[PDB]
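Novice: Can you make the complete structure from the sequences, with help from the hints?
Protein chains: 4
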Amino acid sequence: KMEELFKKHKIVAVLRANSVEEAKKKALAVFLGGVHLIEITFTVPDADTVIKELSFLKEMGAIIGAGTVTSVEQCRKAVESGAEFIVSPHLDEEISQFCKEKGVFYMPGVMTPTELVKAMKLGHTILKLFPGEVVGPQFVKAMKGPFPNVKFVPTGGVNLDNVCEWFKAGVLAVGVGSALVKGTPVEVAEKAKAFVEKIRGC
Amino acid sequence: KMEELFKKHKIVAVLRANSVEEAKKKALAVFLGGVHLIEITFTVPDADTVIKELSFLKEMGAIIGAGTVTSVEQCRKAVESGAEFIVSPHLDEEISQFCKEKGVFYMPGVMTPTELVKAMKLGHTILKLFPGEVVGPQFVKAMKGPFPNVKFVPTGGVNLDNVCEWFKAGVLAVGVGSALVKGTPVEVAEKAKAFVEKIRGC
Amino acid sequence: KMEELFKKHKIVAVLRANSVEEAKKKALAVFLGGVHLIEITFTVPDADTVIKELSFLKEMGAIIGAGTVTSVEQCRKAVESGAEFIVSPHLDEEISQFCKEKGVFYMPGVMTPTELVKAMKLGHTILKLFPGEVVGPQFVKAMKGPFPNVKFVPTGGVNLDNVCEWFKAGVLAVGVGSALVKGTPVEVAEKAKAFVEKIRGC
Amino acid sequence: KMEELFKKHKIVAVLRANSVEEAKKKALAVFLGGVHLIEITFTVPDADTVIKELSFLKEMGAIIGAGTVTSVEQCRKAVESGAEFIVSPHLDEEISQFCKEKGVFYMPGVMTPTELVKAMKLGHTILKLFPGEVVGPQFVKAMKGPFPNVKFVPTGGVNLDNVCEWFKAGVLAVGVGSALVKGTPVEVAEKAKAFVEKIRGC
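Chains as they are written, first to last, in full-length UniProt numbering: chain A, 2 to 203; chain B, 2 to 203; chain C, 2 to 203; chain D, 2 to 203.
It is worth saying that the hints were derived from the structure and are not from the lab.
Any given hint could turn out to be false.
Pairs count within a copy or across copies, as identical chains cannot be separated in the list.
Stated by the list, open to error - Once the Cα atoms are required to be at most 27 Å apart in a straight line, the calculated DSS-like pairs of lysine-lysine come out as: (1) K194 to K183; (2) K2 to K122; (3) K59 to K145; (4) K53 to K26.
Specialist: Following this line, the structure appears as structure tokens:
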């Protein structure tokens with residue numbers, strides 16, 4: 002199901018913000034603009050509370066998860082507050098195990114073939130590729146040779162000009178942060194619309 | 002307090018929509034764009050439910066009321082569901098009385114000097130002027146002579162080109178429907194921003 | 002049935018005249034030119050007699066009513082003489098009640114949202130909008146928002162150049178006086194033809 | 002007699018002012034410039050006193066009345082202080098009744114056919130049309146059809162450029178406020194002269 006949602010929606014908003022209020026307003030902006038997968042990063046103050054207060058959007062079909070999860074303690078709080086998926090920038094064995102026992106989808110970040118293989122050995126085949134702006138579509142195309150059955154969701158630098166190249170390389174979905182989320186609510190809702198159209202357009 | 006909120010915010014979104022979902026999305030759009038006074042009209046299907054489901058926005062400082070209230074039964078449902086103010090297109094003695102006993106702010110609509118005077122005799126000095134596009138700023142300026150202490154909130158045709166003329170005529174706030182609310186969520190949030198700036202700009 | 006006739010014919014001749022003879026000749030002119038709904042106003046001398054003497058045109062499918070009805074005494078005479086519908090420039094509670102008991106269609110005139118609402122509370126949803134030249138199509142479009150289920154028949158200034166705008170605004174039918182009825186019998190019969198064609202043409 | 006005075010003089014100065022002294026000086030200015038019908042509005046501070054202190058001008062043929070009368074208490078004070086006629090912006094049943102018992106001419110304001118008819122049912126055939134700038138000569142011409150025996154005295158926006166159009170539409174007299182009364186005493190006396198000449202000129 003987690004796989005199937007990424008496949009269908011193709012875009013996850015990676016939401017960094019300086020306050021609970023800003024984070025909630027941007028999550029609403031993004032949703033109102035057609036982005037259903039919303040990742041509340043743990044760099045948001047009280048990211049816990051934000052996920053809990055957005056829980057009602059689930060009734061409107063939003064899928065609210067947590068990102069920048071770097072300890073099992075953070076993972077527990079996110080899940081306790083209703084996170085439907087966990088994302089980290091790195092591969093965390095302890096978070097992998099906790100999410101396995103808890104029955105919650107975890108997408109670890111990876112940057113190398115060795116990291117990729119370790120993640121596969123922990124049962125993962127959908128991987129966050131981070132930072133995408135460093136490793137690029139080139140990396141995604143290179144992995145298709147030896148690891149035809151791994152799929153990536155790049156985060157980092159994905160924007161309006163390159164989103165289609167990423168999909169050409171073979172990515173499953175993209176995670177979009179500052180290109181989507183930075184600005185005012187109005188600007189964010191609008192940029193949300195543009196990304197959906199640009200993605201549909203390819 | 003009701004007076005003071007109109008005075009401070011200067012704009013009320015008059016929200017007509019074909020569904021609960023559309024109405025809620027537009028109310029969020031408008032709020033995200035800086036409009037704090039939100040009038041859910043009773044032409045919205047299940048307008049009751051929409052007001053109740055937006056009740057949480059009150060915690061973010063939104064002021065949610067009901068419009069197009071044409072019977073005391075509708076008035077009761079709106080108040081029961083958390084409406085902070087009641088608006089009608091016409092002057093309704095029965096709704097006036099109910100709102101007086103219930104202690105809820107009622108803004109009846111008026112179009113003539115005789116209607117105005119009847120409303121004043123029922124204790125009202127803040128009046129909806131409807132339809133504003135028929136009677137215009139001219140009407141507001143004409144009323145200043147004989148009725149210096151009446152203040153109007155015009156609804157009907159208020160838009161980006163004429164909003165400043167209305168404020169020049171002496172209105173207390175404006176109620177904006179289709180110029181603000183029509184379109185998609187993204188377009189509405191954006192038009193919301195434009196109205197706030199244009200109003201500040203005068 | 003009354004609703005359905007307005008809907009089908011779309012035009013009511015509002016017949017003012019200085020004599021019984023002039024009124025009858027103009028009603029025949031109009032009918033001969035394709036206008037089936039004929040409103041004999043009570044400003045016609047012996048308007049009573051005119052309605053009675055046109056009673057035979059009912060056998061040819063004419064629908065003869067009375068207009069400018071301002072008292073229940075006038076209403077009684079019109080109904081007694083065979084009026085199939087009653088029209089007034091204003092909203093009259095006493096005429097509303099009499100027509101309700103008598104089982105005759107009454108179309109009160111209204112000019113404001115408050116008047117409109119009072120008429121609805123008296124059971125009316127088809128309203129004469131008068132004077133149309135003051136309030137315009139703009140008023141009809143403005144009412145669609147809050148009162149989607151009210152339909153108007155404007156009287157006042159409707160002519161060959163604006164009849165289609167009125168229908169664009171959402172009116173149910175139009176009442177046409179001087180643009181149709183003024184002139185000689187021959188000119189009236191001809192103008193009747195032009196209005197039917199112009200209305201069909203939109 | 003009240004009718005006959007309006008008919009003869011054709012213009013009533015509608016006098017708004019910020020003080021007793023300003024109001025008296027403007028009433029003298031206007032009279033000195035040929036305007037015999039003077040309406041002291043109740044928005045003038047101590048409008049009561051102004052009417053009483055102008056009582057002597059009655060000996061010079063001035064006709065001093067009261068305007069912007071909105072309660073029976075105000076009506077009583079005006080009559081007690083020598084008002085020869087009462088004007089209101091709206092139709093007031095309570096003021097109608099009081100003026101009927103007291104034997105003083107009352108001219109209610111009306112804006113719609115329904116208001117007009119109610120006023121006629123209360124015994125009035127000379128009506129203030131207010132606000133004239135909203136409803137225009139068009140409204141006066143429209144009323145001639147159904148209500149040939151009603152006569153209007155428009156107040157609101159009447160000026161040097163449009164006064165003759167109003168008389169062309171069929172008005173009985175005009176009520177002129179700011180176009181006549183605003184400015185200094187000298188300017189007012191002069192504008193008074195211009196209106197009389199312009200009216201005579203049509």
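Novice: Which numbered hints turn out to be false for this structure?
Specialist: Of the numbered hints given earlier, the structure breaks just one, which is hint 3.
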